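Guided by the hints, dock chains A, C and B with the ligands onto chain F, whose structure is given.
Protein chains: 4
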Amino acid sequence: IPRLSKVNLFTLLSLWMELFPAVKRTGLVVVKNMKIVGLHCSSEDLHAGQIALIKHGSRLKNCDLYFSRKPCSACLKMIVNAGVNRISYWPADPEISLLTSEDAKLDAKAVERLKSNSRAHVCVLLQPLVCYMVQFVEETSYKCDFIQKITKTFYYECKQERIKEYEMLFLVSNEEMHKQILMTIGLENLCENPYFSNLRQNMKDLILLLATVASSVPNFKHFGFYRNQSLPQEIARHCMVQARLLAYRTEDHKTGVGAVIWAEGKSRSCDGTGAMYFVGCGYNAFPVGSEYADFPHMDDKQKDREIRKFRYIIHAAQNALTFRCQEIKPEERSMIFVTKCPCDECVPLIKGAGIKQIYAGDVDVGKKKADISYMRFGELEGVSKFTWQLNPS
Amino acid sequence: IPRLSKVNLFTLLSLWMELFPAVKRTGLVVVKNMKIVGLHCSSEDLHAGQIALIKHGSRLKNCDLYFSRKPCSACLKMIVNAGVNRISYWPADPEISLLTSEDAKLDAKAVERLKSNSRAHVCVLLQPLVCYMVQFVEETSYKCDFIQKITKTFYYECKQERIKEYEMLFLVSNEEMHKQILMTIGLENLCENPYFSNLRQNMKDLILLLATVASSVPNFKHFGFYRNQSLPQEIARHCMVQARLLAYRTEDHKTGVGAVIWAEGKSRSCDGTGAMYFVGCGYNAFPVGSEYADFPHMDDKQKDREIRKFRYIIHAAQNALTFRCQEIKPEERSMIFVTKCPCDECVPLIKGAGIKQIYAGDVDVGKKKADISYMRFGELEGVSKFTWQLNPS
Amino acid sequence: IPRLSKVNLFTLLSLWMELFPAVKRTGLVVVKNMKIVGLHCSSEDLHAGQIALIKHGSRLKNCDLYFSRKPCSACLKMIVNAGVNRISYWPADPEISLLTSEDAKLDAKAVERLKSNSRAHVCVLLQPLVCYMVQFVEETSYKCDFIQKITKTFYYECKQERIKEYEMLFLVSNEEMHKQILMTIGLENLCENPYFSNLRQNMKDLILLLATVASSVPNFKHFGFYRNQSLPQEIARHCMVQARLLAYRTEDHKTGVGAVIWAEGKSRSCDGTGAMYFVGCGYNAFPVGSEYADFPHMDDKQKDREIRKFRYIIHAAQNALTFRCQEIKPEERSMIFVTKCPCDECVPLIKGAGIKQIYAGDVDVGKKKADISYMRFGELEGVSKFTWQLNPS
Amino acid sequence: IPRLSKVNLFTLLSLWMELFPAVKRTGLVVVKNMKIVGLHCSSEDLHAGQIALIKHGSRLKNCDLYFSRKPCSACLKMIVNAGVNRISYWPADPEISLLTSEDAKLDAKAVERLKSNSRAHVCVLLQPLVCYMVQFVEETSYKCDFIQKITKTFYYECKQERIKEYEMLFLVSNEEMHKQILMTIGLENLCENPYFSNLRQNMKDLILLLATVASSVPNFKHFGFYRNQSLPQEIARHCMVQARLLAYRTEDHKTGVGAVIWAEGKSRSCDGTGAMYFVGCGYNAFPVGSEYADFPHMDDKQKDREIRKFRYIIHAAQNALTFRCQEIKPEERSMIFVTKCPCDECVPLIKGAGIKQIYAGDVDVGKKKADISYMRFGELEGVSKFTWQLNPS
Ligand SMILES: Cc1cn([C@H]2C[C@H](O)[C@@H](COP(=O)(O)OP(=O)(O)OP(=O)(O)O)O2)c(=O)nc1N
Ligand SMILES: Cc1cn([C@H]2C[C@H](O)[C@@H](COP(=O)(O)OP(=O)(O)OP(=O)(O)O)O2)c(=O)nc1N
Ligand SMILES: Cc1cn([C@H]2C[C@H](O)[C@@H](COP(=O)(O)OP(=O)(O)OP(=O)(O)O)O2)c(=O)nc1N
Ligand SMILES: Cc1cn([C@H]2C[C@H](O)[C@@H](COP(=O)(O)OP(=O)(O)OP(=O)(O)O)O2)c(=O)nc1N
Ligand SMILES: [Zn+2]
Ligand SMILES: [Zn+2]
Ligand SMILES: [Zn+2]
Ligand SMILES: [Zn+2]
Ligand SMILES: [Zn+2]
Ligand SMILES: [Zn+2]
Ligand SMILES: [Zn+2]
Ligand SMILES: [Zn+2]
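Protein chains in written order, with PDB author numbering: chain F, 30 to 51, 85 to 162, 167 to 219, 227 to 300, 311 to 476; chain A, 30 to 51, 85 to 162, 167 to 219, 227 to 300, 311 to 476; chain C, 30 to 51, 85 to 162, 167 to 219, 227 to 300, 311 to 476; chain B, 30 to 51, 85 to 162, 167 to 219, 227 to 300, 311 to 476.
There may be inaccurate statements among the hints.
Pairs involving identical chains hold if they fit within one copy or between any two copies, as the list cannot separate such chains.
Unchecked claim - Under the rule of at most 30 Å between Cα atoms (straight-line distance), these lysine-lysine pairs were calculated in the DSS-like manner:
1) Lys294 / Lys209
2) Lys181 / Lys35
3) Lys175 / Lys139
4) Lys392 / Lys451
5) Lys386 / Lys86
6) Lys86 / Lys35
7) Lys139 / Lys86
8) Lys349 / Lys439
9) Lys439 / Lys450
10) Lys123 / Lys35
11) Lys181 / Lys252
12) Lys35 / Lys392
13) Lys181 / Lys171
14) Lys237 / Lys86
15) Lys181 / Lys451
16) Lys392 / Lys171
17) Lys139 / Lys439
18) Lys139 / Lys123
19) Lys450 / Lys171
20) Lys434 / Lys450
21) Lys94 / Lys117
22) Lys439 / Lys294
23) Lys35 / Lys252
24) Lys386 / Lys252
25) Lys117 / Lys434
26) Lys337 / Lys252
Hints are computed from structural coordinates only; laboratory data are not their basis.
Okay, chain F solo, but in the shape it has when bound:
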């Protein structure tokens, strides 16, 4: 199966963070050592870069920041003062909108001057997708737990609606307007063909992938996470789409599983996510530092249990708990969103970590295979469980 690249995952996650349920709004991904240490959105008061500065401080040193829009000079100067390594941005309308003009152009010139005289690398890191990536993402999104749960109890129409909305929000349809934007933000190298068309095609492909994944967990009828108070359905859907996006980083050859841990703080913060802050993220993969042939990839079809992948694969929840950027606070409400039902070795870890709520698909609940089982999730106590289903009331 095709795999999403790291920089493309971070770009997609920043674009999705810009859409978090609440000068243009900006989403931001803070990555350290190829691990996500922050997910931020602009608020009505502060920009995403200012929020990242407040939240991290000097911990931004040697960090990679993926913005959904080019940050303003006020944000960029503080970000490079904090000592970040890379600032990747989505080459659309920047934070100070250029589609509104003299102040925005002056801000863009100031950003260029800051970039020219800093060790931080301000750039565009989005890469082309493989030709099969979008088709594979669509195939797996139609076969995901939530779409199938809806089907048993439409998806293409929701996908088309999300395509239109996200193309409006994230792309510049007019080619001359986009050329002007790229000239203003110091991307003149991508203003002439084939680089201009290639950049626009890559952006359109990433937007199509994002719309596909977002439609995999759709706002459809009365479908949401139900069955200790649940989150608003919009935030739950957004976090589940984060997990679904992470599921496409899978090292597994058959099934990708993603997990995101968020927490709800007691006091209101400066972030555009409100009291909620990102805690951890993960996908199913082999132990870090493993080659392609280091560990078996065979499924249960293998006639030898020793050469089955199950005893060596790190699960999405296990990876989210391992590489968490925050501590699970016992007083705070904490949520883990996982694309598949948690297994019998993940549920005890989630419970022991103190995670209060599990939002999950329940397609595999109650299944007992030779190597992996799902009996503990159904009988789990002390952790609220929310599954995709019709609103029972």
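The following block gives chains A, C and B with the ligands in isolation, referenced to the frame of chain F:
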């Protein structure tokens, strides 16, 4: 244009080093910080790993070693004692041949035990190529300086002959024999489909690309490097194929240029390359640490000279001289093999470095473009020049 | 006594290297870990940056390069590819002269783009001197070995001549021309007062200091280094001025001593210095990592020999031998230039290091103090000795 | 079997280097990353510390220096300036003898002041030996190749003579004189019992071990290394005793083998060893980073050849070649001294490395075991071989 990956380049270079013009012969590539610091071949006395130990010593610390065959236990224990990081090997018949049996199997078990109890990672790092990579390599090999030079004064017949020879040398045609080899060398994870077939297909694709590149500089009629004593035509062809392989790592979007610097020592050496030892290697690329859109990629067609790639591209010879692993010794004969004619900014650098001989294609000699010229190569003095041509004697 | 800063030392040394006795000529200082690892001059064929690339390779990683003129785009791209940290340059007419124009301006724009899209920091690092630095340098230059030796057997006339010549060579007298140069090389921040006048005044002060030091070892009458073949008097004077510039970095509170070790290669080199290459440099100082009050600074006047600085001061020749960037080759001629007579502690070290020649001051020869003596220099065997004096023939 | 400590190995090697066949003479061991990178002796002109400074320069950074006597202030200041990490010394009469005295005491005070104000750690690092270490060393020294070779064609008499001589040279028999020395060199903490007696007993035990090892290669009758010109018998015996001392660092459970590679330079150097300089050293051990139970330790008695130590043990010559601090110069004469006969996997490595001469014991010549053989040493060509034997002429 498609780009060869680093690990695939190193695997191909080790396989090609096994074919250097003079228990099975082994080629070896020693890489440090993603830069080639050694190119070795087994001799009649010493294996490639023992030769690498003699040549480097403690400098093998944190190095990646790419072997054309799985090294024996005697080689592996010393290599891991020296402190290397990775030992990638080509999963054909190992150094101690398993196609000859009890001693070879015991050696394989000892190698596995060494691998299990060492920090060094022994693995197979060859990865699938792009579906267009082989076709693109064939297209550029037919359009290379040497094939065109022969054409003006056949290539596919040589390609087929090299395909047969290199498939015989580097592949195991019998599937059961290859399965036994992989079981013995501790690669049981790749002994069942689709992993077995995928591994064999990747190996066949790499062998096809290697045969294509080797045929791009063919042993055809009386064509060789001519026009202070020249190297034997076999060694010159081998080094030119090394440069051609490096040319496929190009960061440029149109033309890939490769360069290899070798030197001929005075006293006898332990290597299978004889007195000749690898000095440096390079390809045309942008300055290290540059993103895709950091520097212009436009050719001379651009209406603005400021946005042309020529003032920012590092040439193959410049990269070979920058990241050389050895010092150019004034007393020793030193050779640089470059796929294209050296330009007017590369010839002075080659002359100043003290390189005695330039083996090059002369298709572009005498051309004077706006940004790049070739006038200094024809009028160069103090450096022997050898070009692809019929033997003038 | 006032002390020269490291960055001003390197700037002065690069400007002086531009004047090494043999597009504008460029001098270059390569510094690693605040230690000089290279002294280069442009040749007829190659620029200083290209020469540094040939000489060092990837060893330029994390190095600071001090250029007497702003390097061209061809030099800058290679230097950045090599991985240097800082490129300080003297903000006069750059390497591609702007006083000759479209090609030079295009090269300057390319240099600006390379600087803006690289991790390397291209900058002007010259800083103001203390108000007493020039007066103190003049006072010590009149009271140095090479001026007092002539006086016993004029200095201000030579100083005025050097002032005129070096102001003509290194400064841009016309303010509009200098403003145009600074605008072209991307130094617009220094084109407006008081920054323009401050930059010009700092440059004038540095040029005055350089002229003072250069005239402290003057081309006067038939005075030179005499008493196994001697170097040309011009090169000997240039190296002595190098050592004299180093003497102003002294940690001593009374007397500054400088030492430069150069070596003559057997074969032809690409550098503008010819076969001669820089080996090491040093000044008298306390052991590295010592504070102001770590060690005693009292001279022999102290009534206790324990609290005398002599037991703890590292001499200039000892520092030059300690932090040498090259190995002393027994076959090659090697010279050490020391501003004062080498002591009985340094002469055995110089002899043991294999240094063939000592060019030294003659004032302190034969002095025998309680802590430091000079008896071994006169009776030294196996090392050629050249002192400042009238030509005996 | 008991194992010699690293620090005790270095202390013994410094004491033995003080006895290298040519103010008191001082031996010096320079160690980097627990590997010996230099073996030096004081000459008639330069002290061991000054020689180490000349030979290494800034390469002494973070190095551990083991002195046979406490270095003088002139040596210590330069060694600290070079950036060494640790200076261990033998707490006998220091470099400036205190048994001759006001100048010596002043030098000791200056050394103490240098130690107090430097990051370098000046200390006495000799450790007590286990109670069986000396008895085991005596047992293995009587059963070594050279003593047995003499016996087949006395050892305790030579042992007693060496005990007397080395106790005279390295120990201070008078307790009051040693107390005065320790007070003067700032070791007052070890001047009163039991620390004074414990220090003296540890020193006596180390000198007994040194005398034992030295007597195991005795100046007896006309026995020397014979069978392209051989080294003087004194230097050959000294290097063989170095190898014997290294043999006691063995990770093997049965037999310890040591190897030292030295080279003779073409030109005279500053060292007290003359033109000869240390190249490398090694002992038989498992690959670096292995635990006690990582690899099998069984001899040939084990039935399963897979669990035999022979396929995983790194030999003494292999370790000497791996961690060499110098390159083998083809023009220079190079010698390797091995306590045992080189095996069939060591002789090809020695020959390929370009080592001109092998000085070794010949007890095992011609033995062919299942895992280790000695057939190649007898038929070795192109390498001079010198074995312990009565002088044939
Ligand atoms: C339950 C769970 C699993 N994983 C991982 C384990 C596998 O690496 C992959 C699924 O792969 P799997 O075990 O073959 O499951 P399938 O659906 O393909 O099985 P099937 O339909 O044949 O019954 O996700 C995870 O990261 N986090 C979880 N909470
Ligand atoms: C001469 C030379 C060049 N290079 C690089 C520079 C460019 O990055 C690329 C060619 O790129 P180019 O100049 O656009 O292409 P051509 O020349 O084929 O031009 P054409 O005839 O189609 O107009 O190789 C190199 O690494 N080492 C060399 N010695
Ligand atoms: C000989 C010599 C010395 N030095 C240093 C160490 C001295 O500590 C300092 C001068 O310091 P100094 O000795 O108090 O000064 P003077 O001798 O001028 O004293 P004077 O004759 O007026 O009483 O240079 C040096 O780096 N290289 C040398 N080859
Ligand atoms: C020949 C040789 C060996 N070694 C090491 C590896 C062996 O593993 C160990 C002795 O271990 P060994 O082989 O069990 O011992 P012996 O031979 O004494 O056996 P014996 O005749 O009593 O049965 O030295 C070495 O470092 N350098 C050498 N050149
Ligand atoms: Zn902002
Ligand atoms: Zn799980
Ligand atoms: Zn081998
Ligand atoms: Zn070129
Ligand atoms: Zn230049
Ligand atoms: Zn001195
Ligand atoms: Zn000393
Ligand atoms: Zn051996």
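Each hint, compared with the structure:
| no. | hint | result |
| --- | --- | --- |
| 1 | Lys294 / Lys209 | within (19 Å within a copy, 60 Å between copies) |
| 2 | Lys181 / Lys35 | both (23 Å within a copy, 27 Å between copies) |
| 3 | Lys175 / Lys139 | both (13 Å within a copy, 24 Å between copies) |
| 4 | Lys392 / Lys451 | within (17 Å within a copy, 46 Å between copies) |
| 5 | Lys386 / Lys86 | between (56 Å within a copy, 29 Å between copies) |
| 6 | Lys86 / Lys35 | within (25 Å within a copy, 40 Å between copies) |
| 7 | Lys139 / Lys86 | within (18 Å within a copy, 37 Å between copies) |
| 8 | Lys349 / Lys439 | both (14 Å within a copy, 16 Å between copies) |
| 9 | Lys439 / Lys450 | within (23 Å within a copy, 50 Å between copies) |
| 10 | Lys123 / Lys35 | both (19 Å within a copy, 21 Å between copies) |
| 11 | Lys181 / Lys252 | both (20 Å within a copy, 24 Å between copies) |
| 12 | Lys35 / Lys392 | both (23 Å within a copy, 28 Å between copies) |
| 13 | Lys181 / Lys171 | both (15 Å within a copy, 22 Å between copies) |
| 14 | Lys237 / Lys86 | within (19 Å within a copy, 58 Å between copies) |
| 15 | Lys181 / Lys451 | between (55 Å within a copy, 28 Å between copies) |
| 16 | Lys392 / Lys171 | between (54 Å within a copy, 17 Å between copies) |
| 17 | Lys139 / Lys439 | between (39 Å within a copy, 25 Å between copies) |
| 18 | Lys139 / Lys123 | both (14 Å within a copy, 27 Å between copies) |
| 19 | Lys450 / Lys171 | between (59 Å within a copy, 25 Å between copies) |
| 20 | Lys434 / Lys450 | within (20 Å within a copy, 51 Å between copies) |
| 21 | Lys94 / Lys117 | both (14 Å within a copy, 20 Å between copies) |
| 22 | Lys439 / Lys294 | within (27 Å within a copy, 45 Å between copies) |
| 23 | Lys35 / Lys252 | within (27 Å within a copy, 35 Å between copies) |
| 24 | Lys386 / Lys252 | between (58 Å within a copy, 17 Å between copies) |
| 25 | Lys117 / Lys434 | both (27 Å within a copy, 13 Å between copies) |
| 26 | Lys337 / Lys252 | between (41 Å within a copy, 24 Å between copies) |
Checked against the numbered hints listed earlier, the structure breaks none of them; every hint is satisfied.
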